[PDB]
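Make a model of the complete structure from these sequences and hints.
What follows is the residue order along each chain.
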Amino acid sequence: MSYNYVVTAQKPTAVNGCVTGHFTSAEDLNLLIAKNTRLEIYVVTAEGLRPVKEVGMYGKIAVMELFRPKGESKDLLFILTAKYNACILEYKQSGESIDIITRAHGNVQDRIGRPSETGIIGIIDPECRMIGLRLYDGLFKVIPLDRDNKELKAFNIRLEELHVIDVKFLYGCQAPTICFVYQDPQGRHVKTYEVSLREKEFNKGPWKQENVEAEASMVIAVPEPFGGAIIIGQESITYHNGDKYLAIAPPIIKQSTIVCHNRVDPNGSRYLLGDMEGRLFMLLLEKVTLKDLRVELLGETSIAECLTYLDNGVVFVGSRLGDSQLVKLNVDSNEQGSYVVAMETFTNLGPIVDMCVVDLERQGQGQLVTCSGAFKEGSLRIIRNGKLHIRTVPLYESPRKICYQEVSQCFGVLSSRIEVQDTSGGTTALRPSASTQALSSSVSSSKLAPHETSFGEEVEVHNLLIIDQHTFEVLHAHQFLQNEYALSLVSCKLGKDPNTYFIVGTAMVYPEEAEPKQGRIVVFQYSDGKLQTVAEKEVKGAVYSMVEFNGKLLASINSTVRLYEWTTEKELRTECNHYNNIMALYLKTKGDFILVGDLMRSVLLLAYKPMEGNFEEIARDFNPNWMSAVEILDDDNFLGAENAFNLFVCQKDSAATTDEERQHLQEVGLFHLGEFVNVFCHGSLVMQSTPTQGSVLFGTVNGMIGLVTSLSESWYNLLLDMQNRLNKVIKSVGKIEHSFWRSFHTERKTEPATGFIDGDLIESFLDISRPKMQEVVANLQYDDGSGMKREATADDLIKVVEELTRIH
Amino acid sequence: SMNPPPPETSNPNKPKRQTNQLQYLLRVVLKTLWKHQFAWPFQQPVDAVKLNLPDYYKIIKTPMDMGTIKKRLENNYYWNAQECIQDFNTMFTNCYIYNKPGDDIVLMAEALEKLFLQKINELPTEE
Amino acid sequence: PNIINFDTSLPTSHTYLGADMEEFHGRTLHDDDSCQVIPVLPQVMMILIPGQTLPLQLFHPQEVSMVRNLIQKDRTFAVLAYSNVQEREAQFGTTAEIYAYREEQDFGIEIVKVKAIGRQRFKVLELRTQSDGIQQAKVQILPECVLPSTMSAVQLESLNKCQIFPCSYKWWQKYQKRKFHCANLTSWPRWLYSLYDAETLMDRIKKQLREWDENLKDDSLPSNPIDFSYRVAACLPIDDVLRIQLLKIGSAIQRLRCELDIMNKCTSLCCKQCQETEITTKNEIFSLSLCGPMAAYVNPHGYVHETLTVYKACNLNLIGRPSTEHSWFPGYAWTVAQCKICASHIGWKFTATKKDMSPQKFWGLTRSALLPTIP
Ligand SMILES: Cc1sc2c(c1C)C(c1ccc(Cl)cc1)=N[C@@H](CC(=O)NCCCCCCCCNC(=O)COc1cccc3c1C(=O)N([C@H]1CCC(=O)NC1=O)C3=O)c1nnc(C)n1-2
Ligand SMILES: [Zn+2]
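From first to last, the protein sequence lines stand for chains G, P and R. Just so we're aligned, residue 2 is where the first sequence starts under this note's numbering, counting upward by one. Just so we're aligned, residue 10 is where the second sequence starts under this note's numbering, counting upward by one. Just so we're aligned, residue 176 is where the third sequence starts under this note's numbering, counting upward by one.
FYI, nobody ran anything at the bench for these hints, they're computed from the structure. Take the hints with a grain of salt, since some may be wrong.
[What the hints assert, rightly or not] As a list, the in silico DSSO-like pairs of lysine-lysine whose alpha-carbon atoms are at most 27 Å apart:
id : chain 1 : residue 1 : chain 2 : residue 2
1  : R       : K530      : G       : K518
2  : P       : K44       : R       : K349
3  : R       : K536      : G       : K255
4  : G       : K518      : R       : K349
5  : R       : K529      : P       : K40
6  : G       : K541      : R       : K530
7  : R       : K345      : G       : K518
8  : R       : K440      : G       : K538
9  : R       : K457      : G       : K518
10 : G       : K518      : R       : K440
11 : G       : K541      : R       : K440
12 : P       : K44       : R       : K530
13 : R       : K345      : G       : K750
14 : G       : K541      : R       : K352
15 : P       : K59       : R       : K440
16 : P       : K59       : R       : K298
17 : G       : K518      : R       : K382
In structure tokens:
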């Protein structure tokens, strides 16, 4: 009943994992990168990287490790998905054809078990004796790496330590040995076990348990001749190996928390470390046994999600908060004291927290301006089709919202920067960002806090940036009040006022107040290069959302939805209120229809009654699940994104049959996207007799961008059957069922995808050979548009899929 | 309409005495039924005004309750045990008459009457 | 206010129900979403909450036979949450498992006294009254929706090693800053996700409850959010419609949020019949029993009252003399209390018999007669 079509306009750019090995050939140095639902395989060259194979999988890559069992010429690739699809793959090339064959595959999901807090952990024993999976608390899954286990059968071993932080397979052990950091009421400890395949059980470890740092988080398996394990916390780097115990506490690592590591030298002499602030350190092990540990600050890179050393001092830095990097490590530091020189920068749009569509250059040619990244990696991204040209405007602070004002030829962007407590009294920024380097800046004037400050703790400073549309210079940066958080942003005209204003909703956030009880609605006018505050209104709560509503202002304040009218005296006058059973986080509009949304998937549809001056509840639905973004497709369809990377679509029945049933929103569409949608907005990037109606672009966390549109019943049926016939013929990497991948999957329920057409699967029809096309179209006759049953050939569907691709 | 006066409990012209059966009926029977769980509706005359039962004293021509019987025993109103036994039975019979079989209060009255009868079989001979 | 030397274990025991009952240690739990055919007790009119102790006294022969049949079987009956009490309409309900029973002889009639406890919520699929007059209910077990951490879908893998944690406001600031860091990847800040975190809501409820019961949360209050939310709901003095709306909630997060919103808004307790006569305030609430300030007790006639213990009460008339017969709180004598304006029964005034007891007097107000009110 939904009849919807969702397609990917930009593949995920964020990097969540990267490894190096010998996957394509025993002589080649291969770099493997994971981008959620993408796997990229390059060959490391003296120049840089040479792309050899990019594939897509029907899952979210959570574990990616290379290993070579004795008896194989080159490395094999182990991959686990978010839905617990495990697979072992091998690279195969003959001439020009490149195929990623599946050596083994299987679902490793248990019938019962609580998914743990540290998430999925996957390790491989050095001698390729087993694969250890850590998915549920108190259970260690073991997949023995025999030549007969093509189904990847596994067995569980009970864990007395229920809260495991990290675990690694140790080197140089007669039996496969795991070393892990756990926490109990006594504190955090490190402990070793041996995995017995004969008994399928645990045996006492090589060295006894030790009490470690309270924030010991990372475990590194040091290879031979060293052996042992390195434990990294927030203040100390320790090393354990039987009788060997060596701890250091370098203060240079106390500033930020180290979150990733990578081995440089094959023997474990040097390691790379990356903290949350993007700093890159070098951990050096001094020699048969270890002599000492040393930490040297190499420099600053992008906020690294993963690191990998290539060769000749070239390091790849995979980032999810910003652009990924290829950097060079020199022996001698430069004039500023950094050993790091950037060689190449790869664009990453993630995370996209907000976006808008503007006809910047040519009229009718839509372009997408997005707020991307966070902290020093934050930026604006301008995307237009040519595949996609992208311009980057670095902000060095965290952008949150954005809107376009045509009459002023500029954008309004909400942003936030981190500062630390001054030595005397006040705050100080860590780096110069967009808010501190504007051509003109101002702060709000108070018109409305015990236990002040602390010792150098972080505080957020929120600003409204007026940014030129042609040059993207920060024309103005208005700072908000102390302890004021900016939530909503709107550019519109109101009432009989011809001036266009920037309207911002805020909230007074204090640590003692769990829920804000104080907020502002501020109305600025930008003109002549300076921002002036036109209006200020105080509200008793947080302004979570604002929407221009037929020349009026619709604003959500906590659990209330209020309508303001713009008076002749240029003030905000309340017209009506609606007090809801939920706090209105999401507000969308269409005509007189208002869509109110809660974080736990509580949906409400109201209507504004003009002749009465009040709101009226039209419908509602209360199915609890973590939401993320909502949108109105048409008068009767409401699209949303929720928990576990899923999309859904609800319907109403205006006429209907029973007043008790007219108030219910029927769940008519479900789909598993694999991305965490952060923003919906109507618009398209194609130049403006089409099988699709409407166009809603959505931006996600991993940088992926998608498009959703509506279909007719005949088109939806034809495309669903096309999907079935294409799944019957297309070979999947890892042999994962497309229906299983697209199934609405939370750990509480799994249903098949309904009312949604996977646009990518239908577009893959043009990339298969003509015989497979004739296979798919064979014995079709599912066309019920004329009234009977029209036959279909390969060329008809080729043209259909070409017209469907021409929408993005 | 309004409630009638309660039954009389003392008469100075009436002779008083302490027979063994009546002192047993006071110290044992009425004490056993009075502390019982279901006793409270019978511890005082039916307040037909507060209970909104305008037909109660039109149907019940001989009202009786355990409070009246207690006061009659304490004031040595009874000359013999049969008087007090008949008062108890009049109370129970009135309760059965005005109400309907199976009503909660009918079951409570049946319980109290069963306890009364099993206590009354142990009536001692006079001194 | 004052201090107390009462021993709060005696109220929970329901000692007024006779000698030591035959107690059961077994437990029967039905699988989620499964359908069961459960008998319904006729005279039960309470909206039972899981975990709430329910005492009953049954002397109708039909009720006694049904209770015997239940004792010989799985010891579970259905308590319908009536939306319309007069026409016996029920869409939701809660199962109750008998854990103690006692048939009393040397009594005028055969009477059975029972202590049960609510177990699982359920939806009423079908109600059919048998030829015996007793009715059975085809019933669907409603599951407990436990949702994962709101940051589980947005968690960075590199930060997975920091999601396990080793002046309370500073500790909670650090907790919020560390657990909800990845919130910067979404359209919402950290303090918003704190409003849907089970532990934060539980701590705020723990403060608002420390107001009433002086028992430390180290043992008396559960750690599981579902058990905690049900324990809180069982002792919240609200009207039947609010209680049904709270019973319809499946997610413990929404339940805790609704309970906190009630505790923050609701301040006065007025007469339900008057709607305009203040009886007490949230500040005079105090717990005389382990189960909290409010608990279900049974009178000598099978009627069930959810009594809430408060230190002071206003606008009440006292009817009759104090009595210790069938006292729910041993050592205290009760006195009927009516509203000063409409004369409706609000509860009882309990007064101590020994001059050494503390408190010397308090008020037990029945929930069915109260109405929450916000100024
Ligand atoms: C005075 C009389 S005379 C008399 C009747 C009465 C009430 C009846 C009748 C009907 C039903 C029952 Cl059950 C009993 C009696 N019926 C009429 C005919 C008639 O009009 N019937 C209509 C239905 C009336 C229902 C009215 C039902 C009663 C209403 N109150 C309660 O039940 C609750 O209050 C009580 C009562 C007693 C003891 C306690 C409580 C209580 O709250 N607590 C608490 C205190 C605190 C604590 O710590 N512990 C506790 O336990 C008690 O201890 C008729 N016929 N013949 C006769 C004779 N009667
Ligand atoms: Zn009243």
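These are the hints, each one checked on the structure:
1. For the hint pairing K530/R with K518/G, the CA-to-CA distance comes to about 48 Å; that exceeds 27 Å, so the pair is violated.
2. As the CA atoms of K44/P and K349/R are separated by approximately 62 Å, the hinted pair breaks the 27 Å bound.
3. Taking the CA atoms of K536/R and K255/G, the gap is about 60 Å. The hint is violated against a cut of 27 Å.
4. Note on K518/G and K349/R: the hinted pairing holds, with a Cα-Cα distance of about 22 Å set against a maximum of 27 Å.
5. For the suggested pair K529/R and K40/P, the alpha carbons sit about 24 Å apart, so the restraint of at most 27 Å is met.
6. Between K541/G and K530/R the CA atoms are separated by roughly 51 Å; this puts the pair beyond 27 Å, and the hint is violated.
7. About 21 Å separates the Cα atoms of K345/R and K518/G, which keeps this hinted pair within 27 Å; it holds.
8. A threshold of 27 Å between alpha carbons decides the hint, and for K440/R with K538/G the separation of about 25 Å falls inside it, so the pair holds.
9. The straight-line distance between the Cα atoms of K457/R and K518/G is roughly 22 Å, inside the 27 Å bound, and the hint therefore holds.
10. With a CA separation close to 13 Å, the supplied pair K518/G and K440/R stays within the 27 Å bound.
11. The suggested pairing of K541/G with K440/R holds, with an alpha-carbon distance near 15 Å, which does not exceed 27 Å.
12. The suggested pairing of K44/P with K530/R holds, with an alpha-carbon distance near 25 Å, which does not exceed 27 Å.
13. Between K345/R and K750/G, the direct Cα distance comes to roughly 38 Å. Violation of the 27 Å bound is thereby established for this hinted pair.
14. Among the hinted pairs, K541/G with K352/R is consistent with the structure: their alpha-carbon atoms are about 25 Å apart, no more than 27 Å.
15. Between the alpha carbons of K59/P and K440/R the distance comes to roughly 38 Å, so the proposed pair goes past 27 Å and is violated.
16. For the hint linking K59/P to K298/R, the alpha-carbon distance of about 41 Å lies beyond 27 Å, and the restraint is violated.
17. The suggested pairing of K518/G with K382/R holds, with an alpha-carbon distance near 19 Å, which does not exceed 27 Å.
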